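Student: Listed here are the chains, written in short residue letters.
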Amino acid sequence: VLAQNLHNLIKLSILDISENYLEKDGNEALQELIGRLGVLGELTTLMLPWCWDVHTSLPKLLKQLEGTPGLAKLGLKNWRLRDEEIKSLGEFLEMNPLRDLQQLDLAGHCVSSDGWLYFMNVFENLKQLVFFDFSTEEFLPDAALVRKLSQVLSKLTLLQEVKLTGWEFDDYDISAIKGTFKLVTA
Amino acid sequence: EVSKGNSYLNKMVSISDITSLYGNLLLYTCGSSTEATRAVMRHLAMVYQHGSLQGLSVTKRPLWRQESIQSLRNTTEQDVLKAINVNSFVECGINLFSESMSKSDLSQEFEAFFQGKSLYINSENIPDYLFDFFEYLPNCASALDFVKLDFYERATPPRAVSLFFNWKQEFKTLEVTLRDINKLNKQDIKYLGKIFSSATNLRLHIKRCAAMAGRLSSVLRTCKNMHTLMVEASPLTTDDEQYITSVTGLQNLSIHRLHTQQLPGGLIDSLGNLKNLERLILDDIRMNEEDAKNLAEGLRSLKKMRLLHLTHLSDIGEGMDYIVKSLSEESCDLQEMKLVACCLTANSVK
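Quick note, the sequences are listed as chains J and K, same order. In terms of the entry's author numbering, the first sequence opens at residue 839 and continues consecutively. Mind the numbering: the second sequence is residues 466 to 621, 645 to 838 in the entry's author numbering, read in order.
Worth flagging that the hints you see were computed from the coordinates, not collected in a lab. A few of these clues could be false.
[Claimed, not checked] Computed list of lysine-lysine pairs in DSS-like fashion (alpha-carbon distance at most 30 angstroms, straight line):
{"#": "1", "chain 1": "K", "residue 1": "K582", "chain 2": "K", "residue 2": "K476"}
{"#": "2", "chain 1": "K", "residue 1": "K763", "chain 2": "J", "residue 2": "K925"}
{"#": "3", "chain 1": "J", "residue 1": "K901", "chain 2": "J", "residue 2": "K849"}
{"#": "4", "chain 1": "J", "residue 1": "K965", "chain 2": "K", "residue 2": "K568"}
{"#": "5", "chain 1": "J", "residue 1": "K1020", "chain 2": "J", "residue 2": "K993"}
{"#": "6", "chain 1": "J", "residue 1": "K993", "chain 2": "K", "residue 2": "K656"}
{"#": "7", "chain 1": "J", "residue 1": "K925", "chain 2": "K", "residue 2": "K712"}
{"#": "8", "chain 1": "J", "residue 1": "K925", "chain 2": "J", "residue 2": "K1001"}
{"#": "9", "chain 1": "J", "residue 1": "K965", "chain 2": "K", "residue 2": "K656"}
{"#": "10", "chain 1": "J", "residue 1": "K1016", "chain 2": "K", "residue 2": "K712"}
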């Protein structure tokens, strides 16, 4: 229904359905979106529909990510994503000349600290990122990631605070080098 | 007049002279002046003597008269000895850096001054002054090749890692020697893990570690890359062979205390996985000749290898003939082949 009148809703910088489960075929919402990108470019930010197994909808999403530039924030929020996928999206992101975004909101995906480890290989060059939170619904106990984070942390610039929403782990003696910015356990 | 001051540096040979009045002299030159100690740094580049080798030995740092992981990297008992004071230079250097408070100004020089050199620390004798250099220039730490650490008594090293929190990834090769451990706190293995993530390559010699059994697993899970493994005077089963095989990145591999013939499914036929092994040294190994033939099957993948030594092999019989067969089966890039103190035939030479 939102889709049918959306060219009139072009006036919106914000149409927000995020953090929502649609009843059936929620991830299939995205195909409707590919049709609507001519006016979805007019939104100032990315709000994705999510559902169970939503992440399988990511290739569908990729036509949509050429639309990453009028994006205030970027996420695959509440996308229950493959642990590998975060570096994968990162690869598109390597191929993506866009820069400076303010916050990367990934509401808890299924990605592990090990997954994130793959991702550090992409996170360093997105040092232009202002804010970030990395959530997961059942995080691995290892702080080896924070260490790899430290490798990335020299590499990062415009970041004001690190956000740890949902990570049940201890940071160990690595918390000595936890960040060169502020930190919240959430 | 400055060159006259400089000619007073035609008087002095390297750090060497730490034993006498001019050792400290460059320090006194530097506390005295700023920018001018760049001239001092110039003579530090005019050092070709490597200090002095007298009274010093590459076998004093570990405190051993027996093969190390560093020893697996080489064909002799010594070699660092020749250029033993390569890190002796560094202690002088941190003091010198500190003395004119030389900040980032003298850095091109110090990246070049400690280059081609390695530093080795014992845990028992850990100086406090190493985080000192890291004042203005912790990054130039990567002028050096390997910072080497020996950890005895207990796995407990929070003090060691604190150093690698201050430095940028990644060190090329990082090496660790394990002595007299009877407390392998699988918890403190991890601190070694923090040390290990600093390097692209990690080399380990586990020596007299009676607390080390299948627990090498903990040692490996934390390893980015087990670049070289040597095991002596410690608990050893045949299964630990697999950890050796998990790492395809392996350049150098020795184990000199098996004393038992290697099985049918032994490590000898996982050479097909270690393609990067450029050096293999097997000393005083008990083996099966047929197993040696299986070892032979491995050498086709060992074309990237620069060195093969099989010595003091007993029960090898004509297996060595077979290994030689594998040698002459196909070309190799090998630069070194040692067939000493194994059972050799005139036929094998043929």
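Student: Quick one, are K1020(J) and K993(J) close enough, alpha carbons at most 30 angstroms?
Tutor: It holds: about 16 angstroms lies between the C-alpha atoms, which stays within 30 angstroms.
Student: Regarding the pair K763(K) and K925(J), is the alpha-carbon distance no greater than 30 angstroms?
Tutor: holds, 28 angstroms
Student: Hint check: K901(J) vs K849(J), CA-CA at most 30 angstroms. Holds or violated?
Tutor: With a Cα-Cα distance of about 23 angstroms, the restraint between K901(J) and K849(J) holds, given a limit of 30 angstroms.
Student: CA of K1016(J) to CA of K712(K), is that 30 angstroms or under?
Tutor: holds, 21 angstroms
Student: Taking 30 angstroms as the top limit, are the C-alpha atoms of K993(J) and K656(K) close enough?
Tutor: Distance ~10 angstroms between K993(J) and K656(K) Cα, so the pair holds.
Student: Holds or violated: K925(J) and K1001(J), Cα atoms, limit 30 angstroms.
Tutor: holds, 19 angstroms
Student: Hint check: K925(J) vs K712(K), CA-CA at most 30 angstroms. Holds or violated?
Tutor: holds, 18 angstroms
Student: For the pair we were handed, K965(J) and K656(K), check the Cα-Cα distance against 30 angstroms.
Tutor: Judged against 30 angstroms, a Cα distance of about 16 angstroms means the pair holds.
Student: Quickly compare the C-alpha distance for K582(K) and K476(K) to 30 angstroms and report which way the hint goes.
Tutor: This hinted pair holds, its Cα atoms lying about 25 angstroms apart.
Student: Going straight from one Cα to the other, do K965(J) and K568(K) come out at no more than 30 angstroms?
Tutor: Since the Cα atoms of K965(J) and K568(K) sit roughly 27 angstroms apart, the hinted pair holds (cutoff 30 angstroms).
The structure fails none of the hints (numbered hints given earlier).
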